[PDB]
Amino acid sequence: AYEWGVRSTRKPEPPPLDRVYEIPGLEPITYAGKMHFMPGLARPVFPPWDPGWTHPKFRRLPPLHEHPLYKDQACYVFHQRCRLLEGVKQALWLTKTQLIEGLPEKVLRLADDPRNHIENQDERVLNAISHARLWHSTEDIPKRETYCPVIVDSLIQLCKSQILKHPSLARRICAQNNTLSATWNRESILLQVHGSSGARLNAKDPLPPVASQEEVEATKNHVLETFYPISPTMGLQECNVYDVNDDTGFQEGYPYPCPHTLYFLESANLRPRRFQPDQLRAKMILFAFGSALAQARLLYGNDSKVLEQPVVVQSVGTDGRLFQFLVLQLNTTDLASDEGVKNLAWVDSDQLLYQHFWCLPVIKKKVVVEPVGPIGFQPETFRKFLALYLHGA
Amino acid sequence: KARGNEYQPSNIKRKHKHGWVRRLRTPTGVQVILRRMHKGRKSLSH
Amino acid sequence: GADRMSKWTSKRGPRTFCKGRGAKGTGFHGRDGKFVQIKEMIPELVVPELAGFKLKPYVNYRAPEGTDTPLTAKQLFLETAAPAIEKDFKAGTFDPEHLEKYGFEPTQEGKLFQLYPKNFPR
Amino acid sequence: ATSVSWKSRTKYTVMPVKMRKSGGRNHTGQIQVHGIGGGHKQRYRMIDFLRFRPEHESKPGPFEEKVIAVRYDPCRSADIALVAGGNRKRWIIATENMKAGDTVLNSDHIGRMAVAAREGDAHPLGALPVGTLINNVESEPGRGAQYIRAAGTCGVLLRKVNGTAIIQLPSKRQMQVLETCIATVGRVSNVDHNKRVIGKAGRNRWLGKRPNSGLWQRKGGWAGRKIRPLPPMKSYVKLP
Amino acid sequence: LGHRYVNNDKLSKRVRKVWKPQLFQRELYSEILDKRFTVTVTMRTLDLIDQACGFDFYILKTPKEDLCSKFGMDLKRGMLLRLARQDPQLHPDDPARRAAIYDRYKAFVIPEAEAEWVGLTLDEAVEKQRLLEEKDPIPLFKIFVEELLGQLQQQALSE
RNA sequence: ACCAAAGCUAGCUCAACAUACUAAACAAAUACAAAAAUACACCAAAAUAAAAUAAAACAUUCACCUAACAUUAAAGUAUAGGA
RNA sequence: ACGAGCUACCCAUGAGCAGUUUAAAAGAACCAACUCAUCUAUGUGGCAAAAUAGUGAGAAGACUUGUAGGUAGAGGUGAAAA
RNA sequence: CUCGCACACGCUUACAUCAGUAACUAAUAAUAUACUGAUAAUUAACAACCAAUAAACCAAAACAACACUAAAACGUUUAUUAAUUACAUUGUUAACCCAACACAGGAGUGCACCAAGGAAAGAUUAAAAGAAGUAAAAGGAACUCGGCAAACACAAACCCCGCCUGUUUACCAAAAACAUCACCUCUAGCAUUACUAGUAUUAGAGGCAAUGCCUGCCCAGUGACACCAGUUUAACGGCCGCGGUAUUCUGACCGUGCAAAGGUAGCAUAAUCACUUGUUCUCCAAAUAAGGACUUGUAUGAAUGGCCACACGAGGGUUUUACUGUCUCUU
RNA sequence: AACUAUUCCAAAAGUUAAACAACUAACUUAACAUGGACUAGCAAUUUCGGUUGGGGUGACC
Ligand SMILES: [Mg+2]
Ligand SMILES: [Mg+2]
Ligand SMILES: [Mg+2]
Ligand SMILES: [Mg+2]
Ligand SMILES: [Mg+2]
Ligand SMILES: [Mg+2]
Ligand SMILES: [Mg+2]
Ligand SMILES: [Mg+2]
Ligand SMILES: [Mg+2]
Ligand SMILES: [Mg+2]
Ligand SMILES: [Mg+2]
Ligand SMILES: [Mg+2]
Ligand SMILES: [Mg+2]
Ligand SMILES: [Mg+2]
Ligand SMILES: [Mg+2]
Ligand SMILES: [Mg+2]
Ligand SMILES: [Mg+2]
Ligand SMILES: [Mg+2]
Ligand SMILES: [Mg+2]
Ligand SMILES: [Mg+2]
Ligand SMILES: [Mg+2]
Ligand SMILES: [Mg+2]
Ligand SMILES: [Mg+2]
Ligand SMILES: [Mg+2]
Ligand SMILES: [Mg+2]
Ligand SMILES: [Mg+2]
Ligand SMILES: [Mg+2]
Ligand SMILES: [Mg+2]
Ligand SMILES: [Mg+2]
Ligand SMILES: [Mg+2]
Ligand SMILES: [Mg+2]
Ligand SMILES: [Mg+2]
Ligand SMILES: [Mg+2]
Ligand SMILES: [Mg+2]
Ligand SMILES: [Mg+2]
Ligand SMILES: [Mg+2]
Ligand SMILES: [Mg+2]
Ligand SMILES: [Mg+2]
Ligand SMILES: [Mg+2]
Ligand SMILES: [Mg+2]
Ligand SMILES: [Mg+2]
Ligand SMILES: [Mg+2]
Ligand SMILES: [Mg+2]
Ligand SMILES: [Mg+2]
Ligand SMILES: [Mg+2]
Ligand SMILES: [Mg+2]
Ligand SMILES: [Mg+2]
Ligand SMILES: [Mg+2]
Ligand SMILES: [Mg+2]
Ligand SMILES: [Mg+2]
Ligand SMILES: [Mg+2]
Ligand SMILES: [Mg+2]
Ligand SMILES: [Mg+2]
Ligand SMILES: [Mg+2]
Ligand SMILES: [Mg+2]
Ligand SMILES: [Mg+2]
Ligand SMILES: [Mg+2]
Ligand SMILES: [Mg+2]
Ligand SMILES: [Mg+2]
Ligand SMILES: [Mg+2]
Ligand SMILES: [Mg+2]
Ligand SMILES: [Mg+2]
Ligand SMILES: [Mg+2]
Ligand SMILES: [Mg+2]
Ligand SMILES: [Mg+2]
Ligand SMILES: [Mg+2]
Ligand SMILES: [Mg+2]
Ligand SMILES: [Mg+2]
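Chains as they are written, first to last, in the entry's author numbering: chain Ba, 30 to 422; chain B7, 50 to 95; chain Be, 14 to 135; chain BD, 61 to 300; chain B1, 87 to 245.
In short, the hints are calculated from the structure, not lab data. Yeah, the Cβ is synthetic: ideal placement off N, Cα and C, and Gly gets one too. Warning: the hint list may mix true and false statements.
What the hints assert, rightly or not - Here are some chain Be residues the structure puts well away from chain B7; computed CB gaps all over 12 angstroms: (1) 16; (2) 18; (3) 26; (4) 29; (5) 52; (6) 54; (7) 57; (8) 93; (9) 102; (10) 115.
What the hints assert, rightly or not - Cut-off 30 angstroms, straight-line C-alpha distance, at most; resulting in silico cross-link-like pairs (DSS-like, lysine-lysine): (11) 269 (chain BD) with 67 (chain BD); (12) 66 (chain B7) with 71 (chain BD); (13) 66 (chain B7) with 50 (chain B7); (14) 114 (chain Be) with 156 (chain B1); (15) 131 (chain Be) with 228 (chain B1); (16) 40 (chain Ba) with 101 (chain BD); (17) 62 (chain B7) with 67 (chain BD); (18) 37 (chain Be) with 64 (chain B7); (19) 214 (chain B1) with 150 (chain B1); (20) 124 (chain Be) with 228 (chain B1); (21) 103 (chain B1) with 156 (chain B1).
As the list claims (entries may be wrong) - Over 10 angstroms on every C-beta distance to chain BD, these chain Ba residues come out as not near it, computed from the model: (22) 38; (23) 57; (24) 95; (25) 151.
Turn these sequences into a full structure, and let the hints guide you.
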């Protein structure tokens, strides 16, 4: 095998001990007396140093096994930044879930009713895009780190403007950065989705289940696809210190108990520091699922059972030019077995809000060919966005 | 082209090349300091 | 040819060179990068109430000086420990083992202001 | 003075790690090798050259891995492949037709019947047919591949005698090894690397090659066309 | 270190030359210290050990100048100490072996005050002597108390 | 008549003696980029002196040339040397 | 012993390159900043121990350039001009 | 008339206010940013200082949609611990630095082309010669080593040498020298500091100079392999005569000597010892110039490369136009 | 000479037979590594006799 250090680098082996230390029954004479190095004298050996009072900062790092929460069962954790190798496949398998192409038809009907549009949709949304992508900064060409959260929030505002027409929307509150811990056991593998998502829309009243019983029973016969060489745990964090407790980021008696929509931004300048669209889909599957599972174990409890009352959660995600829509229905708290009823997920993937954007007029042979602004605009994707925002009322 | 401007001042370079620490890090440097001390120089080093 | 003679001061180098003028550090660098002061490192001035007390910055001229005797460890021994030791040897209660009642201290590490490693500034 | 090599990183990573070129200079700072320096900036991908490497010591058996992607590598001539199995990924040197979304077997197991050889497969030499094409050849068993890693190169297994394999290196020299040593089956990636045409001196500079010297040296005795009988066979088999 | 003439003709070039000893790795057994040291020695060292009939003999039987090694002098200091002490820890289980061994070397036995100073560099010596002289200066309270007790006991005995 | 001129001191030199041989001054700061009170280490080491020159060149050789033993003689003797 | 703060070549780490022409940032083209130093005239104790004026060559590259580091004289460095 | 404001690096009070300047600095004064004295001054929000250990991440910057090849600087999150408590410390002037000078030189970046900065002339006179400019009758290279310089011109052709962009003698040479893509020889079977975290389609030591047609004969010498035989010239290097013959000059043929082979293809009065201003044709009124042929060059010649060629060249030569104070011949 | 590689002898560590014929020798060698040789590389030290109708060539001594 080829070992990966290099001798030159690895901290130098201690100097060969002085010859006077091999002679039995003889006290070597050292410079230890004079408190400094001297040539001609033997090198003193000192006891590992114990400053009888311990200092919080300058002490050695406590070994991991000493912690009260240490356990010998390796628990695989999924946090906000983990990438899954096979994204949606893995997500589904860990979640025990079937995938469905479009969005639920409830949501689409909500989307295609001309009653549900804003005053001028094309106008306002073209403006939201242009604002986010250009106008919101002093600089010529804003980076993504700014313009992704800006555009998501612009759209949230455009939808929030409908609180006038359907005044049930005030039953919601928005939250940022909550600790979420969902532990569950799947096929002898222990999984925990643990961490923070970016932004979370919570509601006072839960969301009506979107799948007819025919779907749920057609779920009973569906076989989970499997990737043989790759273990399903791939890309997670092997972790030996963890807590198993159901934790939604809020304590008891929270006035807005029901997770409604989760928002996942990819705001990073470099490509390699963002998620592949697929991996992102996986991320929101797992996290939506965790958010659901927490609740499901709050209103029912740790016992593993099929659910008489499904829990529904939504998720949206972004490049800032590209959107991922997801609706998840949780039907099952027993994931140990592979053979039962499976949870449901609808994923509308790779929905372009606009094709491209020009921040400076593009000029060819001293004429203006392409003006400043967005190229191509899909009112459809914003319509779906609105739909998901309006799912409560 | 034109010469004589060979000296382009930097304090970091100055003190890394000619400084006290640099003179004490090698036996030869120490002999420099010793010679200057002997001659009674006002400034032993930069 | 730069400057050899003039002393090396924070004013002289690049941005990266900051050398204090010799004031003493009051703290450390914290988590936020912001600086944290430690209330214990900041010297607390101990100032007596001067109002009701009579002494002045100068002395009357007709007031005499005196024969100058530098205080010695001996004189200090005799003004303090000698009367007590003599009193307790004359009564035979003298104990060469424990001198602590006379004010001798075997080791300094217990007390707040120690003399030999000199724990206090002033 | 003294410089420290960039080559210290203890843990294996599939992620590209940053490296410092040193044009021809040893750690003392003098030129050792002439004609090297200042190419494009390069990150380094760690290659696992031990093809058979059981993930956990718990299950020793022959295992199987999936090929995820086949990428260009700046550091070597061959193209490399990202290969994942169990919980782990690693870079391996890609065989000629290896493509993404593929399956590759790693096995230490011998048997009387040999094996039908696919490309990415790694087997002990003893397990292969006697005419097979191999690359990434170990010397002693467990050591890791050294020989035949360059782009488009292939050796060939010649024969099997006395619990030992004799193979033919790309230089057409013969090499004798224990038959317990692993090798990968096929020709290495990027076979046309031979026919690439550097267009201009500039490109050579991009590759980090500084021009030859200008001094004129009269050719000596060493030059000419020497025809030498092919050298005797190297044997890493240690006789008792 | 020296020079030579090439060909040994005095009329040829004169050339710097250095003659280096041939060194070997050999492990030697000390009886008195009961140990095997791995030491670099010459063929000459082995011949002198042979000639003096024991490793421990050779070390005890040779003067400081002839060994030339600081390690030789420390070996010697060690087993000289073990002889002057009659250290029981030599062979803890068998006083038979112990007396048997301490027997043959009885010619070299030297007192203890001498035995710990044998192999010492002037540096090590100065250090050792500095440590034996190490004292925390006596508090003036003590000294003044003793002067006062002297004076009080001579004031009590005079009446 | 300008420019100028004249001093006799500052100190030095060489020896003698001599105890014995790193002066004086240290409050803080000084081996971070010396003079910057305060954080887990590393630290350290040795190898023949050479040549200019003399030999009317230069090739073996070439006193003294940073190794205590002085003085009167033996004696520029025995010896050594491209003798 | 001391020198790579000039310069030769490296290593790290930053920074520049507008307009025009082209499917093209192609060691292409025109031409600034920038870098060089062709030819001439001045100058020749000079503004200058190598410059000034005009004129020229390159100008997304084997390009220019800042900062810190390296290699040392029996050596270094060198697209050889000793 | 236009090199301005700021920061970095550097400099170190040269800055500011009041006063003084007989003399000292300013290459001279007036007076004063630079001489002298006294007294003051730059205040942190900017800048410096400003956590470690594990773990998940194969997926460039280029308006980044997506790609190109030379494969690319720049971080999130999760876990484990991180003294917890107003005000810490330090840089903050300038007309400035490196060039012995208050030097027409050298100096990184961001913004500007003016709103900011500045003054070519101490006063005269209007000689020569010198410098820098503008104009010029008729002519238009007759100048001269050369159209050097100049010009109301800013075009065309042909050779030589190098393929090309590039590099070089800082301060007399920028080139035909070097490098270079390409093509060829040699040397290596391999592991933790170079080569290389590479493995013969690789890496070193060299030659030669892209492409195209080619690269002839020689291993006797000298090398180097093979420790001797033997092998090697894209290793160092070499590649011939005398006599007689077709009526006549020549010599297919003949004789014979010597060599390891006897200079092959090509090209040729050449950047090629001399003879040489070879001979002839073209160009000019006239040419030792230029170009084309002939050509034993008895001293050309094939990777110390030979021959053609595209494009390129501040390389070296030649012609035409045009342009002109180069010149007639100066003003 | 040193140094860098080659080759060899000795040093050092070993290993074998109890050798052969009739009525002591031989062989082995991982990295270091010593003494003495060998062949090369890379080098080190030193020198350019005089006369001459100026030197050089030729000639001479
Ligand atoms: Mg100078
Ligand atoms: Mg100076
Ligand atoms: Mg500073
Ligand atoms: Mg500064
Ligand atoms: Mg603070
Ligand atoms: Mg490489
Ligand atoms: Mg490659
Ligand atoms: Mg080459
Ligand atoms: Mg060359
Ligand atoms: Mg002489
Ligand atoms: Mg003389
Ligand atoms: Mg001489
Ligand atoms: Mg001498
Ligand atoms: Mg003799
Ligand atoms: Mg430098
Ligand atoms: Mg441009
Ligand atoms: Mg160009
Ligand atoms: Mg100019
Ligand atoms: Mg002009
Ligand atoms: Mg110009
Ligand atoms: Mg140009
Ligand atoms: Mg051009
Ligand atoms: Mg340096
Ligand atoms: Mg020399
Ligand atoms: Mg040299
Ligand atoms: Mg160069
Ligand atoms: Mg030359
Ligand atoms: Mg020359
Ligand atoms: Mg100055
Ligand atoms: Mg002033
Ligand atoms: Mg004046
Ligand atoms: Mg300022
Ligand atoms: Mg004037
Ligand atoms: Mg005039
Ligand atoms: Mg004129
Ligand atoms: Mg004119
Ligand atoms: Mg005219
Ligand atoms: Mg003419
Ligand atoms: Mg004429
Ligand atoms: Mg001209
Ligand atoms: Mg012209
Ligand atoms: Mg013209
Ligand atoms: Mg050229
Ligand atoms: Mg020059
Ligand atoms: Mg130059
Ligand atoms: Mg040029
Ligand atoms: Mg020039
Ligand atoms: Mg050339
Ligand atoms: Mg060819
Ligand atoms: Mg050619
Ligand atoms: Mg040939
Ligand atoms: Mg031969
Ligand atoms: Mg031969
Ligand atoms: Mg011809
Ligand atoms: Mg000729
Ligand atoms: Mg010839
Ligand atoms: Mg040749
Ligand atoms: Mg030739
Ligand atoms: Mg071309
Ligand atoms: Mg030309
Ligand atoms: Mg050029
Ligand atoms: Mg040119
Ligand atoms: Mg000599
Ligand atoms: Mg002569
Ligand atoms: Mg002469
Ligand atoms: Mg003559
Ligand atoms: Mg004459
Ligand atoms: Mg002669």
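Structure-based check of all given hints:
With a least beta-carbon separation of about 9 angstroms from chain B7, residue 16 (chain Be) fails to lie farther than 12 angstroms from that chain, contradicting its non-interface assignment. Annotated as non-interface, residue 18 (chain Be) brings its C-beta within 12 angstroms of a C-beta of chain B7; the closest such distance is 6 angstroms. Once the 12 angstroms rule is applied to beta carbons, residue 26 (chain Be) is inconsistent with being away from chain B7; the minimum gap is 5 angstroms. Not every CB of chain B7 is more than 12 angstroms from the CB of residue 29 (chain Be) (nearest about 8 angstroms), against its label as outside the interface.
Every CB of chain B7 is more than 12 angstroms from the CB of residue 52 (chain Be) (nearest about 36 angstroms), matching its label as outside the interface. At the 12 angstroms boundary, the C-beta of residue 54 (chain Be) stays outside the reach of chain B7, the nearest C-beta of that chain being 29 angstroms off. The Cβ of residue 57 (chain Be) lies farther than 12 angstroms from every Cβ of chain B7, with a closest approach of about 37 angstroms, so its non-interface assignment holds. Annotated as non-interface, residue 93 (chain Be) keeps its C-beta farther than 12 angstroms from every C-beta of chain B7; the closest such distance is 50 angstroms.
The Cβ of residue 102 (chain Be) lies farther than 12 angstroms from every Cβ of chain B7, with a closest approach of about 59 angstroms, so its non-interface assignment holds. Once the 12 angstroms rule is applied to beta carbons, residue 115 (chain Be) is consistent with being away from chain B7; the minimum gap is 52 angstroms. About 21 angstroms separates the Cα atoms of residue 269 (chain BD) and residue 67 (chain BD), which keeps this hinted pair within 30 angstroms; it holds. Under the criterion of a C-alpha separation no larger than 30 angstroms, the hint pairing residue 66 (chain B7) with residue 71 (chain BD) is inconsistent with the structure, at around 38 angstroms.
Of the supplied pair hints, the one linking residue 66 (chain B7) and residue 50 (chain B7) holds, its CA atoms being roughly 27 angstroms apart against a limit of 30 angstroms. Our distance criterion of 30 angstroms between C-alpha atoms is broken by residue 114 (chain Be) and residue 156 (chain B1), whose separation comes to about 55 angstroms. Of the pairs offered as hints, the one joining residue 131 (chain Be) and residue 228 (chain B1) holds, with about 21 angstroms between alpha carbons and a cut-off of 30 angstroms not exceeded. For the suggested pair residue 40 (chain Ba) and residue 101 (chain BD), the alpha carbons sit about 29 angstroms apart, so the restraint of at most 30 angstroms is met.
Taken as a hint, the residue 62 (chain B7) and residue 67 (chain BD) pair is honoured in the structure, with Cα atoms around 29 angstroms apart against an allowance of 30 angstroms. For the suggested pair residue 37 (chain Be) and residue 64 (chain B7), the alpha carbons sit about 26 angstroms apart, so the restraint of at most 30 angstroms is met. With a CA separation close to 20 angstroms, the supplied pair residue 214 (chain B1) and residue 150 (chain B1) stays within the 30 angstroms bound. With a C-alpha separation of about 20 angstroms, the suggested pairing of residue 124 (chain Be) with residue 228 (chain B1) holds against the 30 angstroms cut-off.
A distance of roughly 27 angstroms separates the Cα atoms of residue 103 (chain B1) and residue 156 (chain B1); the hinted pair therefore holds under the 30 angstroms criterion. Residue-level check failed: residue 38 (chain Ba) sits 3 angstroms from the nearest beta carbon of chain BD, not beyond 10 angstroms. Under the 10 angstroms C-beta cut-off, the non-interface status given to residue 57 (chain Ba) relative to chain BD holds; the minimum distance is some 32 angstroms. With a cut of 10 angstroms on Cβ distances, residue 95 (chain Ba) stays outside the contact zone with chain BD, its closest approach being about 23 angstroms.
Consistency note on residue 151 (chain Ba): stated as away from chain BD, and its beta-carbon is indeed over 10 angstroms from all of that chain's, at 41 angstroms minimum.
Hint check: violations occur at hints 1, 2, 3, 4, 12, 14, 22; the rest are consistent with the structure.
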